[PDB]
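**Student:** Below are the chains, spelled out letter by letter.
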Amino acid sequence: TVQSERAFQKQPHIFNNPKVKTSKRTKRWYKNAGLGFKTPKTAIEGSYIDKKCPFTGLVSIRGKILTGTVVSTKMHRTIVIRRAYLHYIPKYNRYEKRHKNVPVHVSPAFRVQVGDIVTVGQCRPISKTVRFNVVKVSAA
Amino acid sequence: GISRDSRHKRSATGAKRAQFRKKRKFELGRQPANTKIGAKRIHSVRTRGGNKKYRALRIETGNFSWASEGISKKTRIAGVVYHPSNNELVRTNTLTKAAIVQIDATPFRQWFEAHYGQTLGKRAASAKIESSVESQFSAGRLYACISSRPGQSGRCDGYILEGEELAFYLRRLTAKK
Amino acid sequence: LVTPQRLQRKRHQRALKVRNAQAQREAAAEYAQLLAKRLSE
Amino acid sequence: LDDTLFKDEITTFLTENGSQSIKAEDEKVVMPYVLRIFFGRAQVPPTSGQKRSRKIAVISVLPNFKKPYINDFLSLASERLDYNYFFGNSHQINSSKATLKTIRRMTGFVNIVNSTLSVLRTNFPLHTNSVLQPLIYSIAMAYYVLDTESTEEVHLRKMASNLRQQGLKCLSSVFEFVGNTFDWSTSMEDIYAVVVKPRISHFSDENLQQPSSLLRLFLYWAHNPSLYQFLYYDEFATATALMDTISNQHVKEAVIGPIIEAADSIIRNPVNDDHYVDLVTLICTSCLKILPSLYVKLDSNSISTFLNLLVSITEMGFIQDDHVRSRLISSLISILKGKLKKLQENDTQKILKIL
Amino acid sequence: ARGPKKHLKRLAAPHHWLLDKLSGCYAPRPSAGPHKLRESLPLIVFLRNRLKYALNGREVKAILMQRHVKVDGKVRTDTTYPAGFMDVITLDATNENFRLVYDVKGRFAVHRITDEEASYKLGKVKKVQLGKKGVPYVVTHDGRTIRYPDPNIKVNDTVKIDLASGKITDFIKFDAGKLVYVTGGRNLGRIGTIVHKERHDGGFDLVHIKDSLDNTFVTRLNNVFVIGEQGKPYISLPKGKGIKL
Amino acid sequence: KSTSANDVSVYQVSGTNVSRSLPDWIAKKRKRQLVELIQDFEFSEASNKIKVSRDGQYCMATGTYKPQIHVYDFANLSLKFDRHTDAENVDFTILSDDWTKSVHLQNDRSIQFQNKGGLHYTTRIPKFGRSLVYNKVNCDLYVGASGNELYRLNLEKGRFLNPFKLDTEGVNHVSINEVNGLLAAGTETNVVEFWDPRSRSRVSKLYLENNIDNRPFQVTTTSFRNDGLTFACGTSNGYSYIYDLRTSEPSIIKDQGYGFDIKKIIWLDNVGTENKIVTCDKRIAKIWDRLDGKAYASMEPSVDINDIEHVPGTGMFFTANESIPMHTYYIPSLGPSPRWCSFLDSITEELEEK
Amino acid sequence: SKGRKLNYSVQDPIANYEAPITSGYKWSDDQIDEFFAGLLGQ
RNA sequence: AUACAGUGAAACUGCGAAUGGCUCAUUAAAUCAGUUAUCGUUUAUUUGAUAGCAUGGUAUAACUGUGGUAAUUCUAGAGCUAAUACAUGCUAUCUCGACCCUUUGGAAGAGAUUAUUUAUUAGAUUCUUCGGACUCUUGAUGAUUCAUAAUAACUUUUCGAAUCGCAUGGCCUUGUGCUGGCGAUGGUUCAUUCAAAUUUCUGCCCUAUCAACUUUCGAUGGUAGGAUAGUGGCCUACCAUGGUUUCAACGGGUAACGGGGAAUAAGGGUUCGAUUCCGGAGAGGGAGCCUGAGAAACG
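Residue numbers (the authors' numbering), protein chains in the order written: chain DL, 6 to 145; chain DI, 2 to 123, 146 to 200; chain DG, 178 to 218; chain UT, 892 to 1189, 1191 to 1247; chain DE, 2 to 246; chain JC, 4 to 37, 47 to 366; chain JK, 459 to 500.
Think of the hints as simulated: they come from the structure by calculation, not from any bench.
Check the hints yourself; a few may be wrong.
Distance condition first, Cα-Cα at most 20 Å in a straight line; then the derived PhoX-like pairs of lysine-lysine [claimed, not checked]: (1) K946(UT) with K75(DI); (2) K1049(UT) with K1060(UT); (3) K127(DE) with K106(DE); (4) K214(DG) with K168(DE); (5) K56(DL) with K98(DI); (6) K10(DI) with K133(DL); (7) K139(JC) with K41(DI); (8) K1060(UT) with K75(DI); (9) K898(UT) with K41(DI); (10) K26(DI) with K6(DE); (11) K98(DI) with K15(DL); (12) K37(DI) with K78(JC); (13) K24(DL) with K151(DI); (14) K169(JC) with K463(JK); (15) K898(UT) with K74(DI); (16) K151(DI) with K26(DL); (17) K26(DI) with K78(JC); (18) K75(DI) with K942(UT); (19) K133(DL) with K460(JK); (20) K139(JC) with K463(JK); (21) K10(DI) with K460(JK); (22) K942(UT) with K74(DI); (23) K78(JC) with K53(DI); (24) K78(JC) with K41(DI); (25) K32(JC) with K41(DI); (26) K242(DE) with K211(DE); (27) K460(JK) with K17(DI); (28) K74(DI) with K946(UT); (29) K37(DI) with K294(JC).
Computed list of chain UT residues with no C-beta within reach of chain DI, every gap over 12 Å [to be verified]: (30) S986; (31) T998; (32) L1105.
Just so it is clear, CB atoms sit at the ideal spot from N, CA and C, and this is done for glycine as well.
Model the full assembly from the supplied sequences, consistent with the hints where possible.
**Tutor:** Shown next as structure tokens:
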């Protein structure tokens, strides 16, 4: 699907002139996010439009980069991850099994399943609950 | 007034908060300048700092540009033909960004005649235009897409739909009618 | 009321305008000379 | 008469097929004063952004309605102006009127006419009494003051030079926009006398660093088959001026090139009339002059098109004798000395046909 | 806090001004000026509590408006003008000049100075950019902008600038192993050579420095103010030379 | 203070001074750089609709920019007070004889409640309402909405018993008759339906008609007359039919004006006859005697209109529109100036001797 | 949905808003009902 | 001093009154404490850079008189007069330089000569006179579709000194010709300065005689649109049903405003936390609203 909604989904300011008959009639801009992180070929040469895409969307990753594991995948372009860690209990002088759930935007370029180990980064907040955009997946 | 924050909404763990402090000036919400076709009516609002935001409520003239040739001109408006916000808004003729409209073709016709000498309808390599757009010229009635935010600048600046997106929104128009 | 001091103020205003124009032009010319010489070298 | 909504009111009622578009008899009776008010609205100086905005508005206004209205507008412009001095004489003026106000009228006319050309590129006609007479009269006044006065009136001499340059460029623009709409033989004698007065005298010494409107106008003269009238009217004065430009080695390659596309066009275009043989022999002398060129003065497109000129010379054979064949072998050795990496296989094969 | 705060209580005054505690309850706030808010030093405190040429605020005011004090070749006139780090003060009836600098404990202190050194000053080249007409410019720490700068200038540099005329004299890169000044941090104020520079990609870029008593320590490029080469400091340091016993 | 027709005297006691083609804002700038009855009879930007309260003393108006309601009084002859709301109201009505309770259909797909104490909470509607009316024998706010729904809510119940069905895309015009408490709804698709309360059943469906130019109509008025028995419908070609209560034959037929849609058709209990009033976006308002169906008068306001009202007694016509001033009109030929503006008899004398 | 669903949910202020009102009927509804019968249906 | 000039009433105009000060009743990540973002934004002023007609208009306060009323920090009516008041408006440079010249260069000539809104671009990644020649393939970050630079227009719309002190010169066709001192006020943009606005990471009292929850009216996001300084279920139009969890969600209990500090048994740690510091919140009821850089002020 290329017209998944009732508006002409396209990245803005890109104009391909019909006057010139270039072989590549669909111009796809992207950006090397860098930060020591690679840009997937599926992203740089996909056929999807995503403004929240960490590598093709008009939002930059910056600040904090965090790791997690995929829990639920019943949701479009966004996946929640689980962080487990140790706790600071002074009374019994111990740790404790702690868990947290962090929803994060995911780009259609990457492929995800439940149980994958993924890394995400901080971006400008987009929705009421989401705060982050993925940058890599990894098999587990 | 029209609030802006989100503490009035529930939490993400299934809970409802309480009141923290009253509405302040730095979370203002204001009226949409829902513009209809009419006499150019622009209102000035002095906003935070020394800003001057102009909101239009009736408009009959806007600036629109042809892309492939690369020209731009002031022009009238017939009126909205489509806007994915609400078809009822389209019917009521509410001007808004990312909307589809019908616009006059006589200014571009005069431009083409003056610059080219070949009258559209009925330097050929540079005078070739799309079949749909030249039929629109012959009828005198062209299409366009407006994407200027109304209640920010009171301006209506857009482009005439080129072949791919022109046919895209034309098939949308036909699926409507 | 038109005054000799108003005339003086007018001539001074024009003088300062042309003065800063000249100074800006001189700074631009010197920067251009310096850039040309460094790029050649 | 209002100012703050002028473009709005124009684009609302005054456009045809628009709201309250003016009927035929209504415009017939009211346009004259509409012409006068727009004469004022163009006489307004655009020394600010909004002022130039309304000026571009009015210049977009003019090419809408119909032509005779604009023709009468230009007639009123010329009536404010005059050419009857010159044309009660032939190239004389009894009362030399070079006043700064008069030249201001001249310049305002130049501005309006060039703006009208720019906005009405093709559909404009040439109302002779308002296009031929006033432009030549203006440039004649420019030359008159140039040769009469000293350098003392710096303002007057400066605006005279600017007026002359603008007249040349606007005449070139109108010529290239009409092409061959109609025969201008009414004043070809006068306009070509004006052309031959300063140009062929001093066409190479001054206008040699960057391309000139005169040069491109002469290129159009060679290009259009009906524009050889000057060439065949004078004893190839323009051809000799072009030859002098070619011979002058201080001219830049991007100026000399267009001379050579013009030469290619004029060689290609055949006319079975008098002096065409002398003209093509003069272009043979031009080839003799360009023999050392293309490698000491002159650029892939230019070298390719000059090679095509040489090829076409070979096929059509307007130059045949042993002298020009020795010159052709000299050109061949020069151009084979020249590079071939930045060329095309077809261009090399055309070199092979020359050989 | 409805809006801006225009006071400073005495106790929360910047602890590196070393005001006496039991004098009152209010502190002098520097105005808006060429230096920051926590790390400046106003003429009022410099005259009342460093030069001691004063006994009372109104006395400082009187001297100021009689205009014996000009800052960086420019007469100031308030009691709140915020002189900043490595700055110039000039008094004529004394033939005194003051290079305002830091000490071992990180306070400001004076440096008696004569004209041949007062005539120059050194901005930390901090932000290079270009604007309208594509004209170039550089931004030093003091909030001073310099249009049409030398293309041989990059970020994190130190440029020696004339004061009266205002044209650049020269400058100095950021190069490893050079005499430099650390502005902030726990152990700010010491001077040594930067053996190398660790880089974090858009992060804290830590730097290791040896001091002339030959000891290693760690700073950051935000706190480092480049001074000069080995054996050639370009500004007459106050005694101590970064040695802490 | 003017007069348009020659045989009949009318009066633009309030309105624009200059007729057409010149900006009202530019005009006021110029002239104020260089006589009103009710000061600030004005929103200065636009106006949507006026409903005079049943007390005959209030004037509620909807102003567009900074959407708000103007509350004029005739005792003070000025603004009682203004009140801002969120969006420019589409439909409003004063439930009581006084404006103490007012309810307005708001284009944000919602309904809002002005009260003397304040503004009671807004409530949404599932489908965009198009025409809201209050049934006054059974306390009902019912709106023909976007599509096939005619939503309903009671002032004792507060639920939605059933959104009634109108088998067309839109609900073009609605009226309720209380002489016979029936429901009338005309639709641009040339379909008019009549519904019966106490039985929740539509009782009529009719009005398949075409014009001379062969185009489906746009019925912007579906009202009735003072008797509450015969009804009138009005549509785009200056086309007004008037039916009786139980006939398919148009009792009155007319076409006039232009292709611009007639905006309101209103009866008038004239002293000896019944009169009829059209307001149309041909920028026109015309006066007939119904029995002759004859054009006793025609009036050109020189600026177009969005809504009109008449004073219950006689003489005054409020007109709320997109203009800078919403304006009122006096007719001497149907009655004198109302009591609070009694001196306009003298004003009429002044214009006549003028 | 957001606010586009019709559920017959209780609204206290409007339920006790202004009711009750009068039976403002100028007829007995019997002739009215037989007049409905005698409308354009017959 | 025959324009005024000293002094200074009133009044007009500018600036400022959002600081300071007080109060603790609220609230268990609500702020808070620490940290970060701003490649998510606005900024009076300070400070730095920054801009190619001898001078015009009206319309008034303070003033004077007449009043009225029982009447205010009452008004009417009439007659005056200024702007940093209001509203208006005017004034030669840069490219190649043939040719002359050698110095030092001119020299006709062909050329270019503030802000708004959109669109389209750029802004990419070997020989040796062993004495010497090159005879080849913007900055920025981790990055921005950045800065910038341009094209075309576009704008109910911007300024681009119609002021001002102290002195008072310079030249000379001694004209009152033409220039010119020190410095206040204004005004563009950027920078910078004080903030502000959101937001990353962690950390809350007792509690299961509270296991189930939001999911409507948004409870999760997407698309799309309006909303300011800016993204945003901020709001809304269409799709999906997400999401807390005994890893106690959820609610409930706190005459607990938060933090720091203090006392406290010798030693576990226990008590005020009221103090003099830094945050938060606030003053007949409510709402609408006005200014201004800054506000739901207490005006």
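**Student:** Now tell me, hint by hint, if it's right for this structure.
**Tutor:** Each hint, compared with the structure:
no. : hint                     : result
1   : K946(UT) with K75(DI)    : 14 Å, holds
2   : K1049(UT) with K1060(UT) : 17 Å, holds
3   : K127(DE) with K106(DE)   : 26 Å, violated
4   : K214(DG) with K168(DE)   : 19 Å, holds
5   : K56(DL) with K98(DI)     : 18 Å, holds
6   : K10(DI) with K133(DL)    : 9 Å, holds
7   : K139(JC) with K41(DI)    : 31 Å, violated
8   : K1060(UT) with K75(DI)   : 29 Å, violated
9   : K898(UT) with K41(DI)    : 12 Å, holds
10  : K26(DI) with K6(DE)      : 18 Å, holds
11  : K98(DI) with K15(DL)     : 15 Å, holds
12  : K37(DI) with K78(JC)     : 16 Å, holds
13  : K24(DL) with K151(DI)    : 10 Å, holds
14  : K169(JC) with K463(JK)   : 19 Å, holds
15  : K898(UT) with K74(DI)    : 12 Å, holds
16  : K151(DI) with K26(DL)    : 14 Å, holds
17  : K26(DI) with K78(JC)     : 17 Å, holds
18  : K75(DI) with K942(UT)    : 16 Å, holds
19  : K133(DL) with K460(JK)   : 15 Å, holds
20  : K139(JC) with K463(JK)   : 9 Å, holds
21  : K10(DI) with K460(JK)    : 13 Å, holds
22  : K942(UT) with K74(DI)    : 17 Å, holds
23  : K78(JC) with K53(DI)     : 16 Å, holds
24  : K78(JC) with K41(DI)     : 17 Å, holds
25  : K32(JC) with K41(DI)     : 17 Å, holds
26  : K242(DE) with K211(DE)   : 13 Å, holds
27  : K460(JK) with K17(DI)    : 18 Å, holds
28  : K74(DI) with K946(UT)    : 14 Å, holds
29  : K37(DI) with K294(JC)    : 18 Å, holds
30  : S986                     : 39 Å, holds
31  : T998                     : 24 Å, holds
32  : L1105                    : 25 Å, holds
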